[PDB]
Every structure is written in structure tokens, then in C-alpha cells.
Amino acid sequence: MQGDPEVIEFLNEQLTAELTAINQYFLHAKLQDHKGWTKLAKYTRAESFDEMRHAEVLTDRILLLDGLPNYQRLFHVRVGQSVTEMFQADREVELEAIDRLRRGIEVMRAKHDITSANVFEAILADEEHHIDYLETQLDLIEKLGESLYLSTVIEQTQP
Amino acid sequence: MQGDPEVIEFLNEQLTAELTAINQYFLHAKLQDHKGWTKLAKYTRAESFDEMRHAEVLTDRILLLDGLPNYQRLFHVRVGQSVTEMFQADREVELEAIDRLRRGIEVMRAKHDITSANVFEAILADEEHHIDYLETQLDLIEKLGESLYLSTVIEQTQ
Amino acid sequence: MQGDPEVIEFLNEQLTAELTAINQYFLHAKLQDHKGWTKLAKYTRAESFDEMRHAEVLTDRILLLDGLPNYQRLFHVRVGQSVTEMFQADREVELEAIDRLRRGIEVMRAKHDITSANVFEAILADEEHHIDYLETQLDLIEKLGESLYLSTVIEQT
Amino acid sequence: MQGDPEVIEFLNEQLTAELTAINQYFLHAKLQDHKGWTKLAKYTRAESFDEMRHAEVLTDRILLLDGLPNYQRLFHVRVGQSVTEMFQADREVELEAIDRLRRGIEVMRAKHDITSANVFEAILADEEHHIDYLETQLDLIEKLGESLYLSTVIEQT
Amino acid sequence: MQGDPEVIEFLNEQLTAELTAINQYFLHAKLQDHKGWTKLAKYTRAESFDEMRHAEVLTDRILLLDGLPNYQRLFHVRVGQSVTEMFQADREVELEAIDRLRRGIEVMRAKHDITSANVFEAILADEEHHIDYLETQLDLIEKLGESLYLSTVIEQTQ
Amino acid sequence: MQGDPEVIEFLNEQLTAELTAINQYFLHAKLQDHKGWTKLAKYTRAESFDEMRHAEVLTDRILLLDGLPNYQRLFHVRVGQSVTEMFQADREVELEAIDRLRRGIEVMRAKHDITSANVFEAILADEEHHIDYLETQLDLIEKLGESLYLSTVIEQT
Ligand code: HEM
Ligand code: HEM
Ligand code: HEM
Ligand SMILES: [Fe+2]
Ligand SMILES: [Fe+2]
Ligand SMILES: [Fe+2]
Ligand SMILES: [Fe+2]
Ligand SMILES: [Fe+2]
Ligand SMILES: [Fe+2]
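Chains as they are written, first to last, in this note's numbering: chain A, 1 to 159; chain B, 1001 to 1158; chain C, 2001 to 2157; chain D, 3001 to 3157; chain E, 4001 to 4158; chain F, 5001 to 5157.
If you are wondering where the hints come from, they were derived from the structure by calculation, not from laboratory data.
Where is the CB? At the ideal position from N, CA and C, for every residue including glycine.
Don't take each hint at face value.
[What the hints assert, rightly or not] The calculated label-pair distances, taken between Cβ atoms and stated as ranges, are:
| id | chain 1 | residue 1 | chain 2 | residue 2 | range |
| --- | --- | --- | --- | --- | --- |
| 1 | D | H3076 | A | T115 | 26 to 32 Å |
| 2 | F | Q5002 | C | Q2156 | 38 to 44 Å |
| 3 | A | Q72 | D | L3031 | 45 to 51 Å |
| 4 | B | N1023 | A | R78 | 47 to 53 Å |
| 5 | C | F2049 | D | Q3002 | 55 to 61 Å |
| 6 | F | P5005 | A | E13 | 55 to 61 Å |
| 7 | A | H34 | F | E5009 | 43 to 49 Å |
| 8 | C | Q2156 | A | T115 | 21 to 27 Å |
Using the sequences and the accompanying hints, generate a full structural model.
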């Protein structure tokens, strides 16, 4: 058994994407926790862990077909200062990922490979859920007010 | 053995500093708790207890080298009415302490005394963390708004 | 407080090194587990997690001094096919890291910054222990024999 | 509801295949346990039980569509004496099964029947995992050596 | 994102169908329990709850794609007096639902939307099982005998 | 990894010192317990065990740098029949050890070796504490009176 080259190319693209996402999410988690904002930090931390699990599963699969995982590349990473910028960066990344996932699932299942198609289907469902949450939070921030919004996620620790 | 005089002088200065810090912190804790503000009172009480432990360790050390602790002198104490003033006073005190600690560690480890240098290093790390927290809270107050800020640390028990 | 630029440069270099090490270790862990050598996969996973913790500590420190962590670049990554090659790659990486750590600790503690020096001291101790273990295992493989050695790591479960 | 004839034909073929696989795996389990290689007998017994569950599920499905299960015929069964021969026989069987599964899934989902397609997809995933394990063990035997390999599965208890 | 209109139309139709099914099942459960027949009441109650949850999941999905759920329209509801009539009504409803589900899954997965296709696949499996059980019970009633059949689902609780 | 010769020389000196200290402490513990004095025996026993741990740590370290531990030498051992003489011997030994430790830490950390410097720092702290306790007890004996002092560390057992 030896998966065709194009399947491996798509798997490698998705792996690199998930890696860059992991890096971005962890950096944002730290940089938010540093400022006092706590619950946002916890949420982003859990999100990063989930993306880590994604990367692991994709690596295992791409390795089962007699392939060569690519742990050397990385796409551009973005950073922000306020909240709106962080949320917008995350939304952009998720949109790109979803588009790639759909195109790949189509072109792949058109060649009799099924398990990889199922993997992509699961990843797609999860990424869609995540982008939905992001959009909801962004709309909320837009409505309430940046200061009045932040005013509800700042708590003093237990010294 | 018996440590040289300059080491003892530095230890005594640091001891007096920690004592004044304890006094200021407890006064601020009480004066904040009285107004309704609660979580700030808890935090400040904890910090005061930490500085107490600091002073205890420093006095033990300064006494091991055949010295004469100085429990008779205090520096100037500051008080405020709003939150900004309290935080600024605390920040100033911590900055002064940090500078003294660094200079002392240098001049001390340049004379073959190690344990005191380690004590100073620990104290320095702790004061670093504390000044960091103070600056963070001050920036937060600056951004949100004094009233809107206080509006989240008030409470009633009964 | 604002740490001087050179301290930040050294911290960033060490951070990038730890990141590349994490990546290499996890890749090797997976690629070894895939073949049946489980008892090696376990150790390698543990080491990768340790390097993760190292990276987090360095990030926090470099961020406390009003700096700009660099999560964008990586050094070269190496891969092998047998065991000897993996061990040799890891040994090379650790040697480089140790040299950098020593030079940095010196040039740093020469400027009245103590906490970062202590961080580097801890990291150095750990990396030294690890390189020692690697050298021991390599000598053992050299003596016994690749076949014999492998013959005691397979599990069949 | 009445599934078309071709779906039933494919289901019956897969059922017969799983039955022959069950028989082969249990025979090999016994014949290996008899010689002392216990740690292989355990694995083979578990594998046989898994194939048994496969057969049960396929029978239930083929019976829900108003069909006639075929518990009367069997394909050829192979036996060996060493380990390499056993592993090679199992590998051949799994390859054949995988090819049939893929062709069937395609021709089936092209006719608006979904549940059977899902059943085949699950069976395919499992058979693929199994063939992977077989290939790994075969390569390990190739490398170490029959004597060495066998020397780590005898129990004496 | 924004799901195309046809996907939303199919989702709304399926939602309305599941709602009418919920209503019919609960009415039948009550009307059977009232007469003494107990185990049939329990079974129908459980099935009604299942169809409820079905409707809930479909509503959530149709709402995630920026749609407008339709909780205002219902199809026709049927009632009976004996058991045969109830079972036949349920069988008819399930057949219709199955056909709709298949056509929808096809036309939907032909447009790059996957999650909705998976939802429909699950619903289809469940409706398959249910129609199977209905047909089995109907054949059993046909064979044994209506009176002799009922004679085994009565208890002294009323 | 190969520590320079001078570091190894200092480590060996300290190892031999700790060994002689262990021997002296255990001999004194036994010789005190024999006479009826109990709590003194317990204290000295605990101190001997602590010095044992010291020796073990130093041996491990000196062996990590590709060295040759020296378990053949021993410095002159002292013994006294009274109590004051015991305390004075212990005080002398500790003073010598402290001086050596300080000089070694300096000359060592002046050559880019950190872990050994940390080991010496810990040992130095401990020896400081011990000499302090010894001096305190000696002053107490000087004040109260040998008879009075002995009168509070005797039991029936
Ligand atoms: C100090 C706490 C932690 C830090 C700083 C941390 C950070 C990281 C980072 C940066 C990665 C990058 C992986 C990559 O780039 O490929 C990673 C990987 C991973 N971490 Fe952690 N993590 C922490 C806690 C944990 C713990 C405690 C576990 C498990 C017990 C865990 C599970 C994982 C897993 C499963 C991966 C897989 C990465 C991959 O497959 O590529 N994390 N971690
Ligand atoms: C105005 C109120 C207080 C003042 C001025 C005060 C002052 C001090 C001082 C000066 C020391 C140590 C001085 C030295 O070591 O030379 C100390 C030790 C200590 N006191 Fe307080 N104290 C106060 C309240 C309290 C209370 C109410 C408690 C217990 C309920 C308490 C518990 C302690 C503890 C635990 C320590 C030792 C801390 C450590 O070991 O780290 N203090 N106090
Ligand atoms: C005329 C009678 C009833 C109607 C029309 C009705 C309606 C509904 C509907 C439409 C849902 C949404 C369920 C879903 O999303 O799958 C629901 C939820 C639920 N119903 Fe009812 N209900 C009725 C009676 C009851 C009663 C009396 C109970 C329990 C005593 C019950 C048990 C539940 C439960 C447990 C849920 C939770 C749904 C979930 O967690 O997914 N039903 N109800
Ligand atoms: Fe992901
Ligand atoms: Fe302090
Ligand atoms: Fe590291
Ligand atoms: Fe099977
Ligand atoms: Fe339904
Ligand atoms: Fe010692």
C-alpha cells in the first residue's frame, strides 16, 4: 500500500497549517494572560491543545501511507495588541483552513481513498465550530463596548 | 566566624526597608478594607505577611554572623486616599528596594560571602514579581476607568 | 524595568533552539514508535515534554522584560533511519546548546542581571544530564550489537 | 424495503471471506500455542474474535434487507509451519479483502444505499490497520533473525 | 459562511416532518395508555422523545448556517382506533421520511456541504431501524390474532 | 565533556575530607552511646548519616566528568575521651572544610564550570550551620558546668 503523491501533498499542507495555528494560539494565550485577562487565556490554551491533537492525528495518518512528514515549514504568523485584531487573525486563519479542507476532501475522495477523507471531514466540522464561536465573540465585543467588555474577564488571583 | 562590617551594614539597611514595607502594607490593607473594597484588602494582607517572613529570614541571617540587628529605626511611610496613589507609593518603594538589592549583591559577592548573596537573590526575584503585578494593575486602572474598575471589587457578606 | 537588548537576543536564540529541539524529538518519537521500538518512544516523548516546559519558561521570562518573543523561525532539523544516527543528531544538538548556554551565562551575569542567569544555569544542568544519558546509550549500542540491542525493546503488545 | 440483488451479492461475498478468515486465524492460534509461542497465540485469538464480530455484524445487515445469508460455502484455507509462512498467508488474505471492500463501496454508494457503505468503510479501516501490523512484524522478523525473534516469546509457565 | 437556499429548504422540510411525527407519537402514546395497554404506551413514549431530540438537532444545524427555522407549519396528522391502524399510519410516515432523506442527501452532498449530509445519514439509519420494528410488530399481530395479541400487554395498574 | 584536572583535584580533596568526617562522627557516636549519654549519640548518628549523603553526591559528580574517584586516602582522625575535646575536634575539622570550600568555589567558578560551584555552595551552607550548632553547645557547656550539663542527657535504657 502506497498512497498516491497528491494525497500526501494535501496531508502535508494541512499538517503545516495546523502547526502554524498551534504556534499562533499559544503565543496569543501567553500574551493575553500576561495582561491580567484570565478567562481568555484559559480558553485559548484549551484551543491550542486541541490543535496539537489535530496535528498528531494528521502526522500518524500521513506516516501510515509510507510518506515523509514535513516538520520544517511554517506559514506566516500574525500578532495583535487589542482583542479585535487577535480575533480577526484567528478568523482569517480558520477561513483559509476550511477552504483547503473542502477542496482536498473532494479531490481525494475522487480517487478511492476513504479514511483520509473521513479524517478531513472530522477536522472540517471542528474548524467550523471554532470559527462560529470566534464570530459570535467578535459581534459581542462590537455591540457591548471594548472597555465594558473587558470589564468582565478581569479577576484578581488568590495571593 | 564573624562577617565583615559592610555586609552587616547592607543587611541592616535591607532589614529596615522590609520593616517599613510591612508597616505600610498593613496600614493600606486596613484602610482599604474599611471602605468596602474587599479583594484588594485580601491581596494586601497576603503581601504584608510575605514581607513579614522576609524580615524574619533577614534578621536570622544577620544574627548568625555575630551582629546587632536594628529594630529601632524606620524610614518614611506614605499614605494615600484613592487607588492610584497607593499603587504609585508601592511601586516607588519596590523600585528603591530593587536598586539597593542589586548593588548590595555585587559588592557582597565580591568578598567571598555566598549565603548572603543567595538570600539577596531570592529577595530580588520576589520584589521583581511584586513590582510587575503592581504595574499591571495600574495600567488596567488607567485603561478601564476608576469607577468602572472599582465596580468589580465591591461586595457584601451578610 | 527594561532588559538591555543583548540579554533579549540571547533569550530569543535559546528559545528558537528549544523549539527546534521539541520538533525533532517529537518527530523521532513518532517515527520510532511506528516500527515497534516502544520503550524508546516512551523516553523520547518524555524528553519532548520536558523541552516544551523549557520553552514555556523561557518565553515567560523574555516577556517579563518588555520584549518580543520570536515564534517565527526555526533552525535546521535532522532525521535518521537507524538508531545510531538519531542518537548522534541528538548529541550534536545538545553540545551546541550547552556551548551557547555557557557563553550567554557569562556575558549576562557580567551586567547585573541575576534571574536570567539562574534560568540559564538550570537549563544547562538539565541539558548536561541529557547529553550524558545519550552518550551512555550510544556506547552500549556500540558494545552489545545492533541486533542484540534492538532485541530487548520490542514488546509484541 | 428490498435491497437490490447486487448489494446482496457483495454482502454475501464479504461474509464468506470473513468466515474463512475466522477459521484460518483460530487454526493458527491453536497450532502456535501448541509449540510454546504463547504471546503470539494471545494476539491471534484476539484477532479471531474481532473477525467473528465482523461476521456477526455483516450477517445482521444482510438479513435486514430481506436477504438469504449464505453459511454454506468457504474459500480456500492455508496453513504453514514456520512464522514467516503464517504471516505471509495472513497478508495475502487481507490484501484481497481490502481490494474487494473498495470496489464494493464504490459500486454500492453509486446506487443510493448509504448504511451498507458505512459498514464497508468501517471494515476497511480495521482490515487496513491489521495488514499494517502484519507487515511491521514481518519486517522485524526479517531483520533480527528467526532464532533471536522466537527467543523473546517463549514463557516456560 | 452562509449555506445556499436549497440546503435550508431541505432542512426546513425535514424539521417540519419531525415535528408532526412528535405530535402524532405523543397523541398515540396517551390514547393507548388510557385504554389499559401499557407496554405499547411506554414504547411509543420513548419513540416520541427520540423524535423530539431529532428535531432539536436539526434546528440547531439549520440555525448555524444563518437561516430562519420554521416553527409555524405542520403537515397532516392521522389517528386510529385499533392497533393495526396506528401501526399503518406510523409506517406510512416513516416511508415518506426515508424517501425525502435519501433525495436530500444526494442533492446536498452534490454541492460540497458535508456536515448536513452526515446529519441526514444518521437520521436515515434511525428511521430505518424504526420502520423495521413497526413492520415486525405488524406481521406478528397478523399471525397471532388481535385479541390473543393484546392479551399479553395488559397489567393491573390502569 | 572532560572537566579540567584542577576541578577534579578539588573534588577529590573534598571527597577525602567528607570520608574522614564520616569515620570520626560514627566513632564518636558509638563511644558516646557506650557511656550512657543517649541524646548526644542520636544527634551524632544523624550528623554522620548527613555526611554520608554528602560523600555520595560528591562521588557521583566527580564521576560524571570522566574522573577517577579516590577511595584510598584518609586524613588524620582525632579522638577524645571527654566531651569538650570531642566538640573541639569537630569544630576544627569543620573550620578547615569551610576554608577549603570557599577557596575551591572561587578558583572553580573562575573557569566556566557552574554545577560544581553550586554543589560546593550547598555543602558550604550546611557546614556553616553545623559549626554554628557546635559553637553554641560548647558555650553552653562552658557556662552551666560539666556535671550539670551531663545531668540532663542520661536515661535508663
Ligand atoms: C508546561 C506545559 C506545556 C507547554 C509549555 C506545552 C507546549 C507545547 C508546544 C509548544 C507544543 C508544540 C508541538 C509541535 O510544535 O509539534 C506541544 C506539543 C504537544 N503537547 Fe504540550 N504543552 C504543555 C503541556 C502539555 C502536557 C502536560 C501534555 C501531556 C501530558 C501536552 C500534550 C502535548 C501533545 C500531545 C503535543 C503534540 C504535538 C504534536 O503532535 O505536534 N502538553 N506542547
Ligand atoms: C498590625 C498587625 C501585625 C503586625 C504589625 C505584625 C508584625 C509582625 C512582625 C514584625 C513579624 C516578624 C518580625 C521579626 O521577625 O523580627 C511578624 C511575624 C509573623 N506574624 Fe505578624 N503582624 C501582624 C499581624 C499578624 C496576625 C494577625 C497574624 C496571625 C493571625 C500574624 C502572623 C504572623 C506570622 C505567621 C509571622 C511569621 C511569618 C513567617 O514566618 O513567614 N501577624 N509579624
Ligand atoms: C406534549 C408533550 C411534549 C412536547 C410537545 C415536548 C417538546 C419537546 C421538544 C420539541 C424538545 C426538543 C428535544 C430535542 O431537541 O431533541 C423537548 C426536549 C426534551 N423533552 Fe419534551 N416535550 C413534551 C413532553 C415531555 C416531558 C413531560 C418530558 C419529561 C418529563 C420530556 C422529555 C424531554 C427531554 C429530556 C428533553 C431534552 C432534549 C435534549 O436534551 O436533547 N418531554 N421537548
Ligand atoms: Fe486544527
Ligand atoms: Fe520584601
Ligand atoms: Fe531544553
Ligand atoms: Fe474482518
Ligand atoms: Fe426522526
Ligand atoms: Fe559534609
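Checklist entry - Of the hints given before, which are not true for this structure? => result Violated hints: none at all, because every hint is consistent with the structure.
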